[PDB]
Amino acid sequence: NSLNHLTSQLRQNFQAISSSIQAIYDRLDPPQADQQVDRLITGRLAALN
Amino acid sequence: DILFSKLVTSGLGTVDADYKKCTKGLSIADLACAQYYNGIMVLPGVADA
Amino acid sequence: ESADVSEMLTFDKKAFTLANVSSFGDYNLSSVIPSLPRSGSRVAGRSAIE
Amino acid sequence: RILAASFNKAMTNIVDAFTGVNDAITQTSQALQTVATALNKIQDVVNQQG
Amino acid sequence: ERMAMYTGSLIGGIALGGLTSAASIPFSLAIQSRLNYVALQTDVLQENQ
Amino acid sequence: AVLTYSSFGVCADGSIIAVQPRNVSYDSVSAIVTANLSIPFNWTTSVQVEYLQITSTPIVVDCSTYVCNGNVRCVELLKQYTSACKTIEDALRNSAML
Amino acid sequence: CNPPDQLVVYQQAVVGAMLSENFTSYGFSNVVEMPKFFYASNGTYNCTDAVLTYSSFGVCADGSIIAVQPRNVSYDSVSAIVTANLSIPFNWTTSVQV
Amino acid sequence: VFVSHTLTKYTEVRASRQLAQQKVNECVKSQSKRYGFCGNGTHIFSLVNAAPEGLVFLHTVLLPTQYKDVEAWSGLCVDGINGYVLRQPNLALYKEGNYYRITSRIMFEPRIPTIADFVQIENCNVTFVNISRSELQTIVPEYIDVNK
Amino acid sequence: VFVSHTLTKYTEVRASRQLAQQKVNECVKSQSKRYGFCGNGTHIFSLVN
Amino acid sequence: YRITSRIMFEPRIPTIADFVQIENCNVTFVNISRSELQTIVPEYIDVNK
Ligand SMILES: *[C@@H]1O[C@H](CO)[C@@H](O[C@@H]2O[C@H](CO)[C@@H](O[C@@H]3O[C@H](CO)[C@@H](O)[C@H](O)[C@@H]3O)[C@H](O)[C@H]2NC(C)=O)[C@H](O)[C@H]1NC(C)=O
Ligand SMILES: *[C@@H]1O[C@H](CO)[C@@H](O[C@@H]2O[C@H](CO)[C@@H](O[C@@H]3O[C@H](CO)[C@@H](O)[C@H](O)[C@@H]3O)[C@H](O)[C@H]2NC(C)=O)[C@H](O)[C@H]1NC(C)=O
Ligand SMILES: *[C@@H]1O[C@H](CO)[C@@H](O[C@@H]2O[C@H](CO)[C@@H](O)[C@H](O)[C@H]2NC(C)=O)[C@H](O)[C@H]1NC(C)=O
Ligand SMILES: *[C@@H]1O[C@H](CO)[C@@H](O[C@@H]2O[C@H](CO)[C@@H](O)[C@H](O)[C@H]2NC(C)=O)[C@H](O)[C@H]1NC(C)=O
Ligand SMILES: *[C@@H]1O[C@H](CO)[C@@H](O[C@@H]2O[C@H](CO)[C@@H](O)[C@H](O)[C@H]2NC(C)=O)[C@H](O)[C@H]1NC(C)=O
Ligand SMILES: *[C@@H]1O[C@H](CO)[C@@H](O[C@@H]2O[C@H](CO)[C@@H](O)[C@H](O)[C@H]2NC(C)=O)[C@H](O)[C@H]1NC(C)=O
Ligand SMILES: *[C@@H]1O[C@H](CO)[C@@H](O[C@@H]2O[C@H](CO)[C@@H](O)[C@H](O)[C@H]2NC(C)=O)[C@H](O)[C@H]1NC(C)=O
Ligand SMILES: *[C@@H]1O[C@H](CO)[C@@H](O)[C@H](O)[C@H]1NC(C)=O
Ligand SMILES: *[C@@H]1O[C@H](CO)[C@@H](O)[C@H](O)[C@H]1NC(C)=O
Ligand SMILES: *[C@@H]1O[C@H](CO)[C@@H](O)[C@H](O)[C@H]1NC(C)=O
Ligand SMILES: *[C@@H]1O[C@H](CO)[C@@H](O)[C@H](O)[C@H]1NC(C)=O
Ligand SMILES: *[C@@H]1O[C@H](CO)[C@@H](O)[C@H](O)[C@H]1NC(C)=O
Ligand SMILES: *[C@@H]1O[C@H](CO)[C@@H](O)[C@H](O)[C@H]1NC(C)=O
Ligand SMILES: *[C@@H]1O[C@H](CO)[C@@H](O)[C@H](O)[C@H]1NC(C)=O
Ligand SMILES: *[C@@H]1O[C@H](CO)[C@@H](O)[C@H](O)[C@H]1NC(C)=O
Ligand SMILES: *[C@@H]1O[C@H](CO)[C@@H](O)[C@H](O)[C@H]1NC(C)=O
Ligand SMILES: *[C@@H]1O[C@H](CO)[C@@H](O)[C@H](O)[C@H]1NC(C)=O
Ligand SMILES: *[C@@H]1O[C@H](CO)[C@@H](O)[C@H](O)[C@H]1NC(C)=O
Ligand SMILES: *[C@@H]1O[C@H](CO)[C@@H](O)[C@H](O)[C@H]1NC(C)=O
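Residue numbers (my numbering), protein chains in the order written: chain B, 26 to 74; chain V, 110 to 158; chain A, 4 to 53; chain P, 9 to 58; chain S, 27 to 75; chain X, 48 to 145; chain H, -8 to 89; chain F, 45 to 192; chain D, 255 to 303; chain R, 154 to 202.
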């Protein structure tokens, strides 16, 4: 169950613009996309914790 | 019985609620019933007296 | 966590005074016996392994 | 006879130490110290589980 | 401080032999007593020490 | 001392003090030697108390009521958290039964 | 409007339902009172076996809720030194435990 | 976070419950000789009562009050060629005035020396008791040399 | 998160202390005949530091 | 003949107290008569015959 809980956390938006890191940079400019990617970084580090 | 009354009578913490009392609600819900309305269910202890 | 350790650490003078290299003869237990206090003000220090 | 009398002696002090009415003397011996230690865990399991 | 007094007491207890006034036996007899607890010794000239 | 931590204790009136280890008498294996030996002769009885916890009052929660408070349409957002509720609710159920 | 019930499942079938209410919910035709909850099932109460257990309660194969009695053993004894009729084991059997 | 609290507590209670089962089997039903498991001291019997979410044990143990000093001897040597030691390592042979007795080392329980209390070995140690076959009647009362 | 690490660490330490107290009483203050508890072989004596 | 511990080789001269009398003989016991039993137990003198 633990692995399935961990792999399911990768579809979380964490209220970023999108769940795909590449899709954020396809949609936004670098100075704005960093503030969006940071949500995915913090949220997924919480998933690993 | 001394080791069951000499200690604090913590009736406001863990207590297996009377679920049949809660839903009829002839009086305003108790603390044990309010937890039951939030999905928290305290089961009767296995150490039967 | 402190109470568990404090109950475990018991002491006995009658046996501590025999923690010496002379008490064991041909069995060289010098590397484990407590070190003599270099400057007093404590009962003992670490051994040669501690 | 001494074994029976001493057991009755200790078995009464255990009850007094559980109630705690002998509070000023509960620390008088190791036998009553185990009662205090027991009361310290029974205190915790009652005050923490909620 | 307390650890050196704890391990020190435990180390020196092996030299005790239950003698009057707690005078320590030669350590060969502390070993010999502990060998008897395994099997009843019959080598009385004590070559194996 | 009434309260203790590490080597520091405090007695009833509030004075701080260092703590001494409890003095006991270690036993000794009686040796096989022609010499004077001491043997216990006069016995007394004592009772020593020990407490061990053997159970903890188990608690089970419903992952739906706690989160959505029974709201109908909130349920159809929580169901997309496919592995969330099962992990929380099986971890509590299996522990209680074992 | 809808507080949580608990269903009972055994061998992939549903056999009972712990309820807070005097109804024959979920199609079960027999309702019984317990100290802190109603219980509904198709149990016949012609039963004394326990396939599932919690605390001091349990259920039969048909879903009848029953109290689990403590299991029976015969404690050994320290054979005393006395002039009397003693009993001593005489016949032996082999048991395997997992 | 709540589940993390519960699983951690179940780890402790599970470990403490195993120890309680061991102490019921080895201190309450049985009598133990493991040191310190059923209490500091010599174990006799134990009692158990219910407690909040657990059990309480009352270990009844013996603690010595007085000791006796005895002139113990390592063994026996007869005619200087035959050596005897005690059959149990936990026994001790000691002199009491003008006669010999045998006692246990854990508790003082005096015993009249029987010939079966000894085990014959093939050498002597000099520090043994030094007697002849005509004099073994002063150490072992039942002994009477029939070949002589 | 920090409290979770500390509580999980004290669980392992408590179990390891309980075993240590057993081995102090049975391997150091006494001579053990329980196989494999104080070495793989015939235990004689133990030392602690 | 000699007697030794199975745990450790400690030779022993057989005293009559080392034995326990039982009701029947196995087909593998040492085949001996009371007169010549002194070859197994040196100190045994037949005080009947
Ligand atoms: C018991 O064991 C201890 C070690 O724990 C032995 O002490 C060590 O002995 C060696 C040999 O003497 C020492 O090394 C040499 O010492 C001489 C004299 O100082 C020096 O000229 C050499 O250059 C070299 O250092 C070693 O330092 C010493 N260690 C300690 C910590 O004392 C001891 O000799 C053993 N005793 C017995 C009776 O088995
Ligand atoms: C060890 O565990 C076994 C369980 O397999 C226990 O043996 C069983 O114990 C019960 C209760 O004493 C026995 O039941 C008795 O049967 C007789 C004959 O029917 C009846 O007259 C008694 O009133 C009672 O019902 C059961 O026969 C017995 N046998 C077997 C083969 O398991 C055992 O008691 C346990 N022992 C200890 C020391 O814990
Ligand atoms: C077991 O516990 C007893 C305490 O009940 C310890 O005995 C005490 O030992 C100290 C040693 O300095 C003496 O001052 C006390 O007078 C003793 N008191 C009592 C009441 O016994 C004992 O040392 C412990 N250990 C053993 C092996 O008996
Ligand atoms: C006979 O047994 C005793 C012990 O019960 C021995 O006594 C000491 O043993 C050591 C050797 O282990 C000797 O170095 C000591 O000299 C003996 N003690 C005294 C006070 O002299 C005794 O030596 C044993 N016999 C032999 C030959 O070793
Ligand atoms: C028992 O008798 C023997 C034999 O006489 C004694 O052994 C001799 O002891 C003296 C000193 O007392 C030594 O000089 C001899 O060398 C010993 N003999 C041998 C063969 O070594 C022994 O001491 C006597 N023991 C007692 C307790 O009386
Ligand atoms: C007692 O006698 C039985 C036979 O009644 C012994 O068993 C025999 O052991 C030998 C060993 O070489 C085998 O060759 C035989 O075939 C065995 N026979 C049977 C029927 O098992 C047994 O070993 C003897 N027991 C003791 C304790 O000495
Ligand atoms: C001890 O004597 C018995 C009896 O004389 C021997 O047992 C006999 O062995 C022969 C072997 O050919 C058998 O034919 C007999 O049937 C046995 N007798 C009985 C009564 O069973 C035994 O072999 C001898 N054992 C030793 C070790 O000498
Ligand atoms: C050992 O004993 C001698 C004599 O008492 C003393 O000089 C030495 O300092 C002692 N050492 C220890 C470690 O106890
Ligand atoms: C233990 O005994 C020592 C003996 O030197 C003494 O100084 C110390 O105060 C005693 N402590 C306790 C707690 O009994
Ligand atoms: C043993 O005690 C006796 C008195 O009972 C005494 O003469 C002797 O010196 C003591 N010690 C030894 C080592 O023999
Ligand atoms: C044994 O201990 C008790 C302790 O009260 C004492 O009264 C008695 O006199 C002691 N001695 C004997 C020989 O019983
Ligand atoms: C539950 O309802 C039944 C009828 O459906 C009735 O006979 C019974 O008395 C009721 N019990 C309680 C405890 O209210
Ligand atoms: C329970 O018994 C009733 C009796 O009328 C029956 O209708 C129903 O099918 C049974 N099974 C279930 C699962 O309710
Ligand atoms: C219950 O079951 C037993 C065993 O099958 C049977 O003898 C009995 O008649 C049944 N009915 C009742 C009412 O006990
Ligand atoms: C154990 O024995 C009692 C009577 O001594 C009996 O009532 C009970 O049914 C038995 N236990 C079980 C589990 O059946
Ligand atoms: C033992 O029991 C039998 C039968 O109950 C009786 O005849 C005999 O006298 C008893 N003996 C003793 C010593 O109790
Ligand atoms: C033990 O019981 C069995 C039956 O189970 C019987 O055949 C056997 O003879 C018995 N043992 C003795 C020594 O009588
Ligand atoms: C009796 O003594 C004599 C002389 O030492 C010896 O020949 C004989 O074997 C002895 N016999 C026994 C049974 O001790
Ligand atoms: C000695 O053995 C003989 C064998 O014939 C027997 O007559 C006699 O009863 C035995 N001696 C005693 C004292 O029983």
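No lab work stands behind these hints: they were computed from the structure. One should not assume that every hint holds.
[Claimed, not checked] Calculated cross-link-like contacts (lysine-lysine; reagent style BS3-like; alpha-carbon spacing at most 25 Å):
| hint | chain 1 | residue 1 | chain 2 | residue 2 |
| --- | --- | --- | --- | --- |
| 1 | D | 263 | F | 53 |
| 2 | D | 277 | D | 263 |
| 3 | V | 115 | F | 53 |
- Report the numbers of all earlier hints that the structure fails to satisfy, in ascending order. No numbers; nothing is violated.
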